[PDB]
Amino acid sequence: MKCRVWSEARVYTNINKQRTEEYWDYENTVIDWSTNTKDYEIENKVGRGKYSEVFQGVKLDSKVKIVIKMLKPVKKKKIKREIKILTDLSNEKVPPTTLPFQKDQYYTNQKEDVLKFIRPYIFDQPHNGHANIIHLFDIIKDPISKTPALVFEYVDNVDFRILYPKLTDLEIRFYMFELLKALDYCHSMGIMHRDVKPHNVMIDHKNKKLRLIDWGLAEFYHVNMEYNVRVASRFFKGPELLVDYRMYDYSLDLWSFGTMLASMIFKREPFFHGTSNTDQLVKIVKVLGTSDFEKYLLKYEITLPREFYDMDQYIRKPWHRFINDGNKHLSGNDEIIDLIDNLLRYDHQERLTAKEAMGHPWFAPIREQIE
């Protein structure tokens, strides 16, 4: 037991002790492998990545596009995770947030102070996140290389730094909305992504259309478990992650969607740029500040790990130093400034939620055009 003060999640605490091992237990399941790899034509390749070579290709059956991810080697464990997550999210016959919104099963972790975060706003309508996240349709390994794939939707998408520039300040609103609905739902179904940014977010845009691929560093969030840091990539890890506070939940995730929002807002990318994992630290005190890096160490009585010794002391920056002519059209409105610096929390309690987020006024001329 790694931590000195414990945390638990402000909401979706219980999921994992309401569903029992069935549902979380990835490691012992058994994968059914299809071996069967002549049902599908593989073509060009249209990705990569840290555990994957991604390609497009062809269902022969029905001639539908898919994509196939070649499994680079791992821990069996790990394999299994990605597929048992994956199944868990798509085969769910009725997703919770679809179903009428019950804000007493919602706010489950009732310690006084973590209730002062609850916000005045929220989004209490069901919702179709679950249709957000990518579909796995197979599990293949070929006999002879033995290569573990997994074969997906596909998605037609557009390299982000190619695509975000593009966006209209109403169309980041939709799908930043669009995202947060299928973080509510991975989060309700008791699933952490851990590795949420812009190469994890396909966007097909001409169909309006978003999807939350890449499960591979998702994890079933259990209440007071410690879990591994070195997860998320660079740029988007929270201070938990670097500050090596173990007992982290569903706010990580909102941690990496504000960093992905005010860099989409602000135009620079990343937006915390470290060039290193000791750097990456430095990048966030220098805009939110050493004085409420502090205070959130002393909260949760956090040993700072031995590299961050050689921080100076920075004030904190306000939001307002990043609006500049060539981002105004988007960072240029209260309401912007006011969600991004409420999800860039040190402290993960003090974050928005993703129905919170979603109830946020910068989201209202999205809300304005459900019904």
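Definition used throughout: the rigid core is the maximal C-alpha set that superposes within 1.5 Å between two forms. Positions refer to the first chain, counted from 1. Compared with the form deposited in another entry:
Core superposition between these two forms leaves every listed residue (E43, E335, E307, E27) with a C-alpha shift below 2 angstroms except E307.
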The other form holds:
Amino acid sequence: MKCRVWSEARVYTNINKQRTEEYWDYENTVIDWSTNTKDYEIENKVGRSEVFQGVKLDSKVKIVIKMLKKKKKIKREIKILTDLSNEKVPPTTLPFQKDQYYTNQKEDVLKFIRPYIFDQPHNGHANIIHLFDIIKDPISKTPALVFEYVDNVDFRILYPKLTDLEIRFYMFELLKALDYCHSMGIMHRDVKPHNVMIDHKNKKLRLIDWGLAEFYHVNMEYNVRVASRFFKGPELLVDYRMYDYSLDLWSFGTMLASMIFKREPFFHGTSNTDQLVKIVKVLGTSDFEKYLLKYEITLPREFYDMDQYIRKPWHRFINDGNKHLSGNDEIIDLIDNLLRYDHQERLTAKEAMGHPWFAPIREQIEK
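Can I get the form deposited in another entry as well, since the one above is the form deposited in one PDB entry?
A single chain, with no partners or molecules, comes next.
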């Protein structure tokens, strides 16, 4: 055990004690690869694995084919995708039970319970991309995953078009997706715009790319070489291995800050080490030191001691180009409560969905 001070998820702590090996033991599965002799026609490349849009030959429905180049990780991705899509009664559709939600009973962790929370059933399960098939090329034998197709527009093209209310709408959809996967005992670990497909005309959002996702097990020390540099939480950068779902809320917050302040990426590190320095230059060294002390973290071998930086208030990122998005107190408070060094302090997905910034979206739900 690397960690000196141990940490547990504030919410959804015991999902993978509630659920058994049949649910989370991906090592002990055997993949039934289906040779693609007649099922899927590959058309054009949509991104990059290498990812193609194709067609189901029977129904003529568009699908996505993700060509894989990592055997254990493939089994994990498949188990996660199937666990998420196959759950008959998603937990997030049932009536809210606060005592089954706030499951970590440290006194110091209960102070982070917010006075607001979204306490209603929701359809976040429907925002998880669906895996349709597991195939091999009939000639090359290369393995691939077949998915639901989304008519996406790249975030760099789409996001500048979105109004304040539209950003609120889609970020609420993303939180619903994260609340669902967390309720299922899964951390996405690579939340970023490239992994969020949006079909704007249909107001459709799907969280994709579950290849870094992992099952949350209490006091497990995880690999910190996950996420993507610009969205990596401080826990990854300082090698605090006993992290949880709250990693995804950091990534969410970074994505949100980028959208609201029109600064992409928001924390633009030139290296792994510099990524942390870029975060500290905003959140400040004082709270950084308090965080290292709380968990008794020693920085990884690449790091000199952190220099002293005074916190940069969020309002300093406001300009005439972004004030239509950043010029209210609610968004600043939301961002501030997501981008915290201490993962325990961050809003959970339900708490974030309850935040005042989402009031206009919540008011339109009931029909």
